[PDB]
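Between the sequences and the hints, there should be enough to build the whole structure, so can you do that?
In case you want the letters, here they are:
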Amino acid sequence: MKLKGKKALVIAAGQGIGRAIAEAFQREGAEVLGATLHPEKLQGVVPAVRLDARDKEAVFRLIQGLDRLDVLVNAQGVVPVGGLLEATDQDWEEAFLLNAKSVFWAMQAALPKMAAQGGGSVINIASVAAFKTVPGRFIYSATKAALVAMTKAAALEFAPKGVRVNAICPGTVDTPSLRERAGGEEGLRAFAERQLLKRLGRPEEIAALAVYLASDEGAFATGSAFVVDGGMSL
Amino acid sequence: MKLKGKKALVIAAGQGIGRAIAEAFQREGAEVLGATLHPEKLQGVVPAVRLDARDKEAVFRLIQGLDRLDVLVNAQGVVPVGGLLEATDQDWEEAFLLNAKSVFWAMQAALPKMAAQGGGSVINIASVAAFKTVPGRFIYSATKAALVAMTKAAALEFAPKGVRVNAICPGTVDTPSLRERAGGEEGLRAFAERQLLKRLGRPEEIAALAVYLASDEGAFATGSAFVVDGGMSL
Amino acid sequence: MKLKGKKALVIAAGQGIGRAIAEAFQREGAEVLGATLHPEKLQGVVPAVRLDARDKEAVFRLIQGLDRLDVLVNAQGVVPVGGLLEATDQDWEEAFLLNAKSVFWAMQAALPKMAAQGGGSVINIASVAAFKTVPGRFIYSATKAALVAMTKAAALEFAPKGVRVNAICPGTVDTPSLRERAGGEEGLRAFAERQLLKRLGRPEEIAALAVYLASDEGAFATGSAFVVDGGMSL
Amino acid sequence: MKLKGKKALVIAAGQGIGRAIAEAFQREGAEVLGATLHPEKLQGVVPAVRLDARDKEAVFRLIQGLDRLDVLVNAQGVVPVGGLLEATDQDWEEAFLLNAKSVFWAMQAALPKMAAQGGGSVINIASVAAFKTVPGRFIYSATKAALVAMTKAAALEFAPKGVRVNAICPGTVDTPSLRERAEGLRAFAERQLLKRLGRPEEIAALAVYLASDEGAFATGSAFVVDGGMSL
Ligand SMILES: [Cl-]
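For the protein sequence lines, the chains are A, D, C and B, in the order given. Letter by letter, the first sequence follows residues 1 to 234 of the entry's author numbering. Letter by letter, the second sequence follows residues 1 to 234 of the entry's author numbering. Letter by letter, the third sequence follows residues 1 to 234 of the entry's author numbering. Letter by letter, the fourth sequence follows residues 1 to 182, 186 to 234 of the entry's author numbering.
Please keep in mind that the hints were generated in silico from the structure rather than gathered at the bench. Incorrect hints may appear among the rest.
What the hints assert, rightly or not - Selected chain C positions facing chain D (Cβ under 7 angstroms, derived; list incomplete): (1) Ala-142; (2) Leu-156; (3) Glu-157.
Unchecked claim - Below are the DSS-like pairs computed for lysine-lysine, each with C-alpha atoms no more than 25 angstroms apart in a straight line: (4) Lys-161(A) x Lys-4(A); (5) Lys-161(C) x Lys-132(B); (6) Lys-132(A) x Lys-198(A); (7) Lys-132(D) x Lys-132(A); (8) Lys-132(D) x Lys-161(A); (9) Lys-161(A) x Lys-132(B).
We put the beta carbon where it would ideally sit given N, CA and C, even for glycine.
The structure is reproduced here in structure tokens:
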């Protein structure tokens, strides 16, 4: 319905938000390719290709190899944990690489391609951590603030070329990566109890917003950072 | 099919964004009640009722008279024109009454009722003027900043009761009221030429986002202000 | 030394933050006039004039009657308390009148005057409530968000004239009116203990920032909102 | 009189905003040490030491070697130019190292020390580019947004220990680096609302407030001083 005739690439489509967005896009009629470290995770759900988003050459090769790209979703990311003194140089470099530099490359590859094919939509999954300080997320927040600034910079520069660039900034969403950090879904029951809404977000809730941004009806949004966080940053 | 179960009330559903939202809500399966000063405009389009949002008793009577209310959309508003010295006390009183005070009343009426029924979704149509300073919008900008603050306050307070409260913040959208502002359709191209995208927003672009926020998929968004402004605040 | 040869008007200079600003201004060499409902509180401290900031005519008459005005400080304000359903129309009208409309009037009177003399500085005392949602401040936060938007709108309009307009956004500051709504000392003390810094802000901490903004060294700040809130909005 | 008896370290104190801050601190009574790649620029005027802020070991050694430290200013930085496609990975690495990672290190060294010795004030010189998008500043904007996020994170974590952490976010300030980037200045001043560039002294006076006892209620703040350019 809403994405028929659109060609989409979703980076880190193997699980969680990335996967939910790939599945939602396909449901709305998009031709979707899910790039991920573990394409077997997508066996029989969405077309998939192996991609390590840390690999610049592979990111440029994949995007430049596509015939047409209408929507690019950057869902790749890692959540280092720790306050200022717990954080290490290795945390810093790993997180800035995957959370921000990877997206830099993907946009470098995709935006000219898109501009030269008329237009497009780029959707970066950031985090509410870009705006809201919480304990033990020193490195993570810095990477995500960088990502939002980059989203807006790209949006301004390519607006005259028909390419929209936006970020979605989720709060705490129940994902496989969250479960392994918090120890299963009843590990999650504790923190879900602390939320205002007494529950955690769903990947589907984030995917539906991405569908909007990818759609023809999302075409007047650019340079925006959409917070979906259950009121946690209030 | 995103709203098939839901009862929605749209205040100022007669034209522009409010009407686009009402029509879109209708298309997505919702039972819509359109309140407006001119109910004839919704004849054969959406069920309607006559309402002057400046009248506190009328606002409370309408909302408290409803059996069940799943979605409330506050699309009422006036756009006074002028810088600081051109602005009058009459502009101030009229704009704060309609743009802000009437929403205060609508929310006072609706949020307890929604709280009791287990949840719901309130959507305030604010403006990017709440965040982005532009010339000749002194009063308008103050009212819309007030409105976003109220949106967040209500969101925090009723999040435990499962009632979401969010704002959409449009940029320059082609509406009957903008056209009357611009002195006619002839005055629109000047506005469009100032836009990064070289075109004005479409009310449908705002409506699609309201559908997301009214839907079950929007249930993790609360206290957010969604900017859809064609990049103008970059 | 820092405000030598400056003429300053402080509205609501009779107590709290307003008084600290007037005293600090005078210490730094400015000629100061403290306008207040209660001029008796300033005798033998700063030159004083009776002024009810709710009275539009009186506000214009005082400001237009001054020979030269280099600095205007709007420190007037009231803090109603309550959530959405506790808040009243009385609260709304009173708070919007004093916190926002009176500043509208004062800037209408002052800014063209300052613009004609080639520069000046307007300092509005807003609140971190303009940005940060806290329980029980529904009306207050709305009025202060309005005030910050007005600050920026005026700043943009009069920047080419060399007149700066800025807001200081304090957190919880120890003032007679805070103690009037807390108790006097005992808690009061309870609230202080619970704060991040385990103390309330001092009026002098806001006043020193006001000195910067009023001074020639503050001439490159305009349209800014300076948060001084003991970290409470983090 | 605003900083009597305070001991301050200013990193990249050799020119521009860092230099103005070091001189202002001294006029306000502080004992100042200016650290810089070019201490010869400060000599006779401000006590100075050579420091390359890119060298992690050097940063920790200087800071942990100080007797006492009441105020730390991170004024180090670089402004790469270019849009998305112009920007290079080398631009990225060099700007994130100096603009952000070196501040990470300086705070890791200084904050625990301050916490154990009666608190203090850390002032990071960011940029209004952290908030306001302008053409040709893709990398720069990313680094300064990271820096503001870091400022707020550190401020929350160390508020309970008497340490304040704040950022000043300048607009376009007349500095030797700007002049080299750009007479030249004129064309860039014409397209400013105030029809002129910021002065380093205008930033420095705000740093004095933040460093002072009267600035102690500010923490986690990002103070914009940009001539209205982000309006
Ligand atoms: Cl008073």
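Comparing the hints with the structure gives:
Taken as an interface hint, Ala-142(C) checks out: its beta carbon lies about 4 angstroms from the nearest beta carbon of chain D, inside 7 angstroms. At its closest, the beta carbon of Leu-156(C) sits 5 angstroms from a beta carbon of chain D; the interface hint therefore holds under the 7 angstroms criterion. Interface restraint check for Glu-157(C): the shortest CB-CB distance to chain D comes to about 5 angstroms, inside 7 angstroms, so the restraint holds. Distance check on the hinted pair: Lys-161(A) and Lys-4(A) sit about 22 angstroms apart at the alpha-carbon level, within 25 angstroms; holds.
Annotation: proposed proximity of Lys-161(C) to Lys-132(B) holds, straight-line Cα distance about 23 angstroms (limit 25 angstroms). The hinted pair formed by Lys-132(A) and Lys-198(A) meets the criterion: a straight-line CA distance of about 19 angstroms does not exceed 25 angstroms. Between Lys-132(D) and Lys-132(A), the direct Cα distance comes to roughly 21 angstroms. Compliance with the 25 angstroms bound is thereby established for this hinted pair. Between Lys-132(D) and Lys-161(A), the direct Cα distance comes to roughly 23 angstroms. Compliance with the 25 angstroms bound is thereby established for this hinted pair.
A C-alpha spacing of about 21 angstroms is found between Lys-161(A) and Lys-132(B), which places the hinted pair at or below 25 angstroms, so the restraint holds.
Violation of the numbered hints given earlier is absent; every hint is satisfied by the structure.
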